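Asks: The residues making up each chain are set out below.
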Amino acid sequence: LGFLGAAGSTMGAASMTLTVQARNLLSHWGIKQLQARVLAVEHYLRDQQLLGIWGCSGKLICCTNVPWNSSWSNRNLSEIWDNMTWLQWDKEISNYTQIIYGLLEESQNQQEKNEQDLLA
Amino acid sequence: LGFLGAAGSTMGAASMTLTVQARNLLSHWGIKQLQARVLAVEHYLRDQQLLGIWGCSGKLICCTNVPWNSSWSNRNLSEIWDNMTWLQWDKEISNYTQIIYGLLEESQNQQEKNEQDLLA
Amino acid sequence: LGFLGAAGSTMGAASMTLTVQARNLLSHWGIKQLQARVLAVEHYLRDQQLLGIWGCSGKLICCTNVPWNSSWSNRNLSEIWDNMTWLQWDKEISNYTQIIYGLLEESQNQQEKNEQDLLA
Amino acid sequence: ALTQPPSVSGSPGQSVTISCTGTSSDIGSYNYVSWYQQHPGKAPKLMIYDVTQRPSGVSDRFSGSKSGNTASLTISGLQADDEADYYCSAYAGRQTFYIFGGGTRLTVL
Amino acid sequence: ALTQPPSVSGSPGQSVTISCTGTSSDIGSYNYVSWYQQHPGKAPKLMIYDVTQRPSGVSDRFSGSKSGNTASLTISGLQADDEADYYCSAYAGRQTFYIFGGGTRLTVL
Amino acid sequence: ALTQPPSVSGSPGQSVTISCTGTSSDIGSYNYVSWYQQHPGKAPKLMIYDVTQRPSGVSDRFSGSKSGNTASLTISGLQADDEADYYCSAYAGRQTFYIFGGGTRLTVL
Amino acid sequence: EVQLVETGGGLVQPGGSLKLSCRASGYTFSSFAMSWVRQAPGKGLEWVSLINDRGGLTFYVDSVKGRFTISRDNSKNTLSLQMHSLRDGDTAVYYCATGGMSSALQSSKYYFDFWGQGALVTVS
Amino acid sequence: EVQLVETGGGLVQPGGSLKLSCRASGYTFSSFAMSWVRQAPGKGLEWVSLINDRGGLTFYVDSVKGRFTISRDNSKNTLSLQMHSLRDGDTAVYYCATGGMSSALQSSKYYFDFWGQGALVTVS
Amino acid sequence: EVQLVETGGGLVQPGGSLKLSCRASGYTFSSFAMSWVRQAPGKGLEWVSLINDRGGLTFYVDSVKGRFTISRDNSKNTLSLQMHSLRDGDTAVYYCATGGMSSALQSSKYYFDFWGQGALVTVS
Ligand SMILES: *[C@@H]1O[C@H](CO[C@@H]2O[C@@H](C)[C@@H](O)[C@@H](O)[C@@H]2O)[C@@H](O)[C@H](O)[C@H]1NC(C)=O
Ligand SMILES: *[C@@H]1O[C@H](CO[C@@H]2O[C@@H](C)[C@@H](O)[C@@H](O)[C@@H]2O)[C@@H](O)[C@H](O)[C@H]1NC(C)=O
Ligand SMILES: *[C@@H]1O[C@H](CO[C@@H]2O[C@@H](C)[C@@H](O)[C@@H](O)[C@@H]2O)[C@@H](O)[C@H](O)[C@H]1NC(C)=O
Ligand SMILES: *[C@@H]1O[C@H](CO[C@@H]2O[C@@H](C)[C@@H](O)[C@@H](O)[C@@H]2O)[C@@H](O)[C@H](O)[C@H]1NC(C)=O
Ligand SMILES: *[C@@H]1O[C@H](CO[C@@H]2O[C@@H](C)[C@@H](O)[C@@H](O)[C@@H]2O)[C@@H](O)[C@H](O)[C@H]1NC(C)=O
Ligand SMILES: *[C@@H]1O[C@H](CO[C@@H]2O[C@@H](C)[C@@H](O)[C@@H](O)[C@@H]2O)[C@@H](O)[C@H](O)[C@H]1NC(C)=O
Ligand SMILES: *[C@@H]1O[C@H](CO)[C@@H](O)[C@H](O)[C@H]1NC(C)=O
Ligand SMILES: *[C@@H]1O[C@H](CO)[C@@H](O)[C@H](O)[C@H]1NC(C)=O
Ligand SMILES: *[C@@H]1O[C@H](CO)[C@@H](O)[C@H](O)[C@H]1NC(C)=O
Ligand SMILES: *[C@@H]1O[C@H](CO)[C@@H](O)[C@H](O)[C@H]1NC(C)=O
Ligand SMILES: *[C@@H]1O[C@H](CO)[C@@H](O)[C@H](O)[C@H]1NC(C)=O
Ligand SMILES: *[C@@H]1O[C@H](CO)[C@@H](O)[C@H](O)[C@H]1NC(C)=O
Ligand SMILES: *[C@@H]1O[C@H](CO)[C@@H](O)[C@H](O)[C@H]1NC(C)=O
Ligand SMILES: *[C@@H]1O[C@H](CO)[C@@H](O)[C@H](O)[C@H]1NC(C)=O
Ligand SMILES: *[C@@H]1O[C@H](CO)[C@@H](O)[C@H](O)[C@H]1NC(C)=O
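Protein chains in written order, with the working numbering: chain S, 1 to 120; chain W, 1001 to 1120; chain E, 2001 to 2120; chain B, 3001 to 3109; chain P, 4001 to 4109; chain D, 5001 to 5109; chain F, 6001 to 6124; chain U, 7001 to 7124; chain R, 8001 to 8124.
So here's chain S without its partners, still in its complex pose:
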């Protein structure tokens, strides 16, 4: 039930421990320790900025309007959520995360403009 305890569990089980890991992301001699702390903050903020760009700010589970390409993975839901742990899944689609991230950004950019014109 602690940090990374679910690392060996199935994706559908591990997805219930997202707050366990989220809370462990934040907290001349002594300078390299400041560099490590500053860097940890910068890393954290980049991931948070990215979620904001995709329209997922403030949440751990975020649904989008980006469809899945089976060229990315053609496994079904029982193969992915009831087997392939998150470590296994990450390896399998590592080659596609930049394509997916680009498509999440493009979608949010269309959504924010369509919503401003409906408030007009």
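Calculated directly from the structure, the hints in this document are not laboratory data. Don't take each hint at face value.
List of simulated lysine-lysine pairs, DSS-like, C-alpha gap at most 27 Å [said to hold, decoys possible]:
#1 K7076(U) <-> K7043(U)
#2 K8043(R) <-> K4066(P)
#3 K113(S) <-> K1059(W)
#4 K6019(F) <-> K3042(B)
#5 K59(S) <-> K1059(W)
#6 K6109(F) <-> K3066(B)
#7 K3045(B) <-> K6109(F)
#8 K1032(W) <-> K1059(W)
#9 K8109(R) <-> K8065(R)
Computed, partial: chain E to chain W, Cβ under 10 Å [unchecked claim]:
#10 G2012
#11 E2042
#12 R2046
#13 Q2049
#14 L2051
#15 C2056
#16 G2058
#17 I2061
#18 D2090
#19 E2092
#20 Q2108
#21 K2113
#22 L2119
A virtual CB, placed ideally from N, CA and C, is assigned to each residue, including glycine.
Given chain S, work out where chains W, E, B, P, D, F, U and R with the ligands should sit, using these hints.
Replies: Then chains W, E, B, P, D, F, U and R with the ligands, alone, in the frame of chain S:
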């Protein structure tokens, strides 16, 4: 009307100055000053992360689905909002804030899963 | 199509590149480099805090309930969005941004209180 | 909206009951039923609120209660001066905030 | 949806007025009333928009106005060539975007 | 809600078709049409789901299909034991989740 | 002693307009929500409109929703109602009342504590 | 073998209340959404209510929406329905069924896989 | 000079389908919202559908809402309407028109600036 000016006022009056305090949370010799600045940022981010975990990201007043236990405090609304300043209130329930924070996290975790299954 | 590429384009064109600039805001000898990094983070967080205070957290385009005073600028939409680049616009209303920011904060403070009383 | 009877009556010293029947998304959902006393020619006075409470300033001869979708006002030591049109009302949600019944012309015999 | 009269008429040189009466959540709420001129066999032409404005390309003999829930089109120096079916329309919200009246067969005598 | 005929029939060895006609915001919008077989006195059994699929445990004599707003169940090598009330149902959105037709009393001659 | 005094209008033609106002004293005006309750000459009471103690939130009965405006001035202790299009069906005594709502940090209301005597509005 | 067994009530007076319950075995109870389907003595099937596998989300047919409650206990493998105000029109066989919904990380359902035999509820 | 030319269909059977298209020239196509306006042989004008200049937002009159699709191609300067289930009541001249909406950073429209001549669609 300045920072902490409302500290001696009633909770229902002090609650109207939340932006006054929120804006004053952010801004070898010289190293201890960097440590103080890095630490101030880390503190800030932990409170913001915690609000996000509870589903209160981006707001100063956030209503939740967590009921009040009168074992925490059995005072009524006139006792709490028209007397007991925030300093007094903080002392009275200090023993219960970890129980309340845990219950806020558990509630948000159920809410995000119930909302993803209704978008399915 | 890169960072600040749209700087010489019209406001209505440049507004479509907001993610290009947003992503370039984050990333004794060596101390002044830590000071620069800590400062960059603090600057970033102040702008993000300010958007949160105004109720614009998590978005690049945010509509508000603050009307425009033509004392601030009496130009029409074709003058502003189909000419005056953002650099030109920023010069023209620089004298009024603190008035506008104050009015955005006041509006959000009324909105959050009206919404808590409708959930009651 | 709410149904309450006309012409409830009784003699001094006898109790009377004035009923109020509503619906499920009304009396059956919220415990916010109040009663008002209107003498002809005067504005209504609050007698009962939140089903069973009475304001300071009124007697304890007036007592509210409810069961199911029906609320009622009980008047105990009935006096000649109780003649009035009694009305019930209830909170019925955020779409149709308040509803009222017709008046009950209580007559003391 | 909108009501405007049939058979408005007058002789050359006389003015005519073609009325258009709508509702409150229509003409009474938005100042977006336009008028179109349709000669039989042709697509409609815009004559008036935003209650009082006219597009480049039309004469100043055509002038719009409104009060309350009623809008109208005034034609001043009436010509034989003004014979047409005139229609009013209005923006009526984001649920029922546009509504139109029937046509007014303006006849020049 | 859905319309399917009464009294579909045929002799052993002959195929039969039981139709089910719905609406656009029903069969015409979602491919989630299922069929159930109810012998009198017993709970319904699932025969077909997702328009064309069959569960493990049923024969391949039962085959579903659809076009437009109409779905149907085809039974091929009809047997005496197929006598039953066959019902269609469909998912019809998140407001009115499921709707059913009446039963078709299939009779084997 | 709490007093609510209506100082509104009287006779108006159908399709016209009439504004009511109510002056309050004896209590903190700004601490309470207020409402208008109507009584036709031969009928019981009907709720018409409700306004928040800060003046930001207003609610109406559907029958007047696009026609009446309820407002408030907390500096002048004044409640007001602007009525338009005045149907014959709007003839009634209009009472100024205190109550009908609270502000989340307060105990609830959902009843009317104080009443004025009522203005008579006649549509002929 | 999957079995759903209704162990609910029988005859109730109009305007009363009756609770049904269904015991499940032979499958992981907690992995499936469940529903109640009704059949009047002379009619076909009607959907009445649906509950989520975790018990958090419930849906109803409009005709019972303010009267029936559908619930679940995943520790006791029990599905239940609490009916109130019982109209004569509610006389029917009530079947316990598995299906009608999935959880987003699962393949969809939108059909009913398993049925119980049904409790007969009579309103006289 | 702005020209909108309908190049759509004619006679179709009831319950069938027919697609209209309109070619635009003389203006920047992509700068304007467009709509379809219908005129029955003996009637006045009726608004049917509206599409955004970027093609993302569409609006319909309730009578065709589940039957018609309005689309746009900004590379080919083409507006189109796909009609299904074609009721006898859909017989009309269908006009291609420019206007009905703006994009927030533009002055508003809420009127129709340009009209095509119209395709006649007959349902028999
Ligand atoms: C899905 O992807 C198909 C193939 O895309 C190519 O292969 C994938 C693995 C990536 O390497 C990608 O960069 C390549 O272009 C596309 O042909 C297909 O259109 C895509 N589906 C979409 C986007 O609708
Ligand atoms: C989900 O997939 C299961 C496994 O499918 C088989 O093995 C995988 C690794 C691939 O090679 C695939 O092409 C093979 O067919 C199926 O057994 C299961 O029925 C599928 N579930 C659904 C609902 O389709
Ligand atoms: C409310 O709390 C009751 C007592 O809980 C106990 O006392 C409080 C002060 C804490 O110290 C807590 O850790 C103890 O367990 C519970 O019995 C009661 O069930 C609670 N109400 C709820 C959660 O519904
Ligand atoms: C709110 O509470 C007021 C004070 O109550 C009394 O004093 C407190 C400190 C406790 O000891 C409590 O048990 C006592 O009864 C009441 O005067 C007031 O009426 C209450 N308000 C409401 C709406 O109930
Ligand atoms: C719009 O501004 C008007 C003038 O305000 C004054 O001039 C502007 C340029 C600022 O310097 C401001 O601080 C000055 O007060 C106001 O008179 C007018 O009321 C304002 N409109 C509003 C707020 O409704
Ligand atoms: C938008 O404004 C255009 C320019 O207006 C003129 O020049 C500006 C710089 C000011 O000095 C202004 O007072 C002048 O009138 C107009 O040509 C154009 O028509 C306007 N558009 C609309 C929709 O009103
Ligand atoms: C490890 O696998 C076993 C099955 O072999 C399973 O019961 C157990 O829960 C798994 N551990 C974790 C952390 O999921
Ligand atoms: C693993 O995948 C298969 C489908 O390939 C699925 O049937 C099963 O539920 C998954 N998990 C288990 C429990 O083996
Ligand atoms: C991922 O990319 C590597 C090359 O970098 C390639 O060999 C592999 O087949 C790709 N496929 C996977 C694992 O998705
Ligand atoms: C301090 O208390 C007095 C009442 O004794 C009150 O009027 C004043 O507003 C209070 N000060 C603050 C900051 O609330
Ligand atoms: C303090 O508490 C009491 C209830 O205990 C309440 O009546 C009063 O409003 C509160 N504030 C003041 C003004 O004393
Ligand atoms: C809080 O805890 C302390 C012990 O740490 C205890 O003495 C006190 O009674 C508790 N109650 C309060 C102040 O809520
Ligand atoms: C610079 O101005 C020209 C017109 O003179 C325009 O075509 C070009 O797109 C503009 N450059 C940018 C970056 O907008
Ligand atoms: C610049 O401003 C004028 C209005 O002043 C407007 O007509 C034009 O669209 C704008 N841009 C261009 C293309 O010159
Ligand atoms: C802005 O302020 C300066 C003085 O600081 C003044 O000269 C100028 O006219 C003002 N107006 C503008 C550019 O908006």
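Asks: Need the list of violated hint numbers for this structure, in ascending order.
Replies: 1, 8, 10, 17, 18 and 19
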